[PDB]
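Asker: Each chain is listed here by its residues.
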Amino acid sequence: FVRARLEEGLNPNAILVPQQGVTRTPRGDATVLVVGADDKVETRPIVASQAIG
Amino acid sequence: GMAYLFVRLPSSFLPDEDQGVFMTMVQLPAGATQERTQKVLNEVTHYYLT
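Protein chains in written order, with the authors' numbering: chain H, 292 to 344; chain L, 551 to 600.
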């Protein structure tokens, strides 16, 4: 049964942070640790969707 | 001067001998994979060698 790579339509604004920095703080809430223009880090939470690669 | 030296002589334990080895510990972020650690242990080996 042949695997079908089934292509769909080109997520047009895709915030692809690498997995190396995204951690879960608190339970179930992913927090990228984005530093602003201040050179002060800010732990803004995200919602971590489909891990691609 | 005995107890004046003895209270400032710190009651420690056995000295760190130069035992010919020393253990280097790495500690990556929480949930960092084994590819990254070897890559850091590429550097630390390249640091302790070169």
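Heads up, some of the hints might be wrong.
[Claimed, not checked] Have a look at the derived ranges for each label pair, beta carbon to beta carbon: (1) H:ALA328 <-> L:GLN569: 27 to 35 Å; (2) H:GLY319 <-> L:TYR598: 22 to 30 Å; (3) L:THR587 <-> H:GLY319: 38 to 46 Å; (4) L:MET575 <-> H:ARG296: 39 to 47 Å; (5) H:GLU333 <-> L:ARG558: 45 to 53 Å; (6) H:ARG315 <-> L:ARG558: 22 to 30 Å; (7) H:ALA339 <-> L:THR600: 35 to 43 Å; (8) L:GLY570 <-> H:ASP330: 53 to 61 Å; (9) L:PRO560 <-> H:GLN311: 20 to 28 Å; (10) H:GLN341 <-> L:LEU591: 44 to 52 Å; (11) H:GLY327 <-> L:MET575: 31 to 39 Å; (12) L:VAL557 <-> H:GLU333: 19 to 27 Å.
None of these hints come from the bench; they were simulated from the model. Using N, Cα and C, we set each Cβ at its ideal position, and we do this for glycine too.
Asker: Given a hint of 31 to 39 Å, does the C-beta separation of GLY327 of chain H and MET575 of chain L actually sit inside it?
Answerer: holds, 33 Å
Asker: Return holds or violated for the Cβ distance of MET575 of chain L and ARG296 of chain H against the range 39 to 47 Å.
Answerer: Holds, at about 44 Å.
Asker: Kindly confirm whether 35 to 43 Å is satisfied by the beta carbon distance between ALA339 of chain H and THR600 of chain L.
Answerer: Holds, since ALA339 of chain H and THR600 of chain L (Cβ atoms, about 39 Å apart) stay within the stated range.
Asker: Using the C-beta atoms of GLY319 of chain H and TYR598 of chain L, is the stated range 22 to 30 Å upheld?
Answerer: Since the Cβ atoms of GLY319 of chain H and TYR598 of chain L sit about 41 Å apart, the hinted range of 22 to 30 Å is violated.
Asker: Range hint 20 to 28 Å: satisfied by the CB atoms of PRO560 of chain L and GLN311 of chain H?
Answerer: The hinted range 20 to 28 Å is violated for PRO560 of chain L and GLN311 of chain H, with Cβ atoms some 43 Å apart.
Asker: Could you check the hint for me, namely that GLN341 of chain H and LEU591 of chain L are 44 to 52 Å apart, CB to CB?
Answerer: Violated, since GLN341 of chain H and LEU591 of chain L (Cβ atoms, about 31 Å apart) do not stay within the stated range.
Asker: Holds or violated: 19 to 27 Å for the Cβ distance of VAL557 of chain L and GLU333 of chain H?
Answerer: Given a distance of about 49 Å, which is not inside 19 to 27 Å, the answer is violated.
Asker: Is 38 to 46 Å a correct range for the gap between the Cβ atoms of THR587 of chain L and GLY319 of chain H?
Answerer: Given range 38 to 46 Å: violated, Cβ gap about 26 Å.
Asker: If I claimed the Cβ atoms of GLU333 of chain H and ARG558 of chain L lie 45 to 53 Å apart, would that claim hold in this structure?
Answerer: holds, 47 Å
Asker: With 53 to 61 Å as the target window, see if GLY570 of chain L and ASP330 of chain H comply at their CB atoms.
Answerer: violated, 43 Å
Asker: Please check whether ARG315 of chain H and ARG558 of chain L have a Cβ separation lying inside 22 to 30 Å.
Answerer: Check failed, 49 Å falls outside 22 to 30 Å.
Asker: Can you let me know if the beta-carbon spacing of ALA328 of chain H and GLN569 of chain L is within 27 to 35 Å?
Answerer: This hint is violated: roughly 50 Å between Cβ atoms.
Of the numbered hints stated above, those contradicted by the structure are hints 1, 2, 3, 6, 8, 9, 10 and 12, listed in ascending order.
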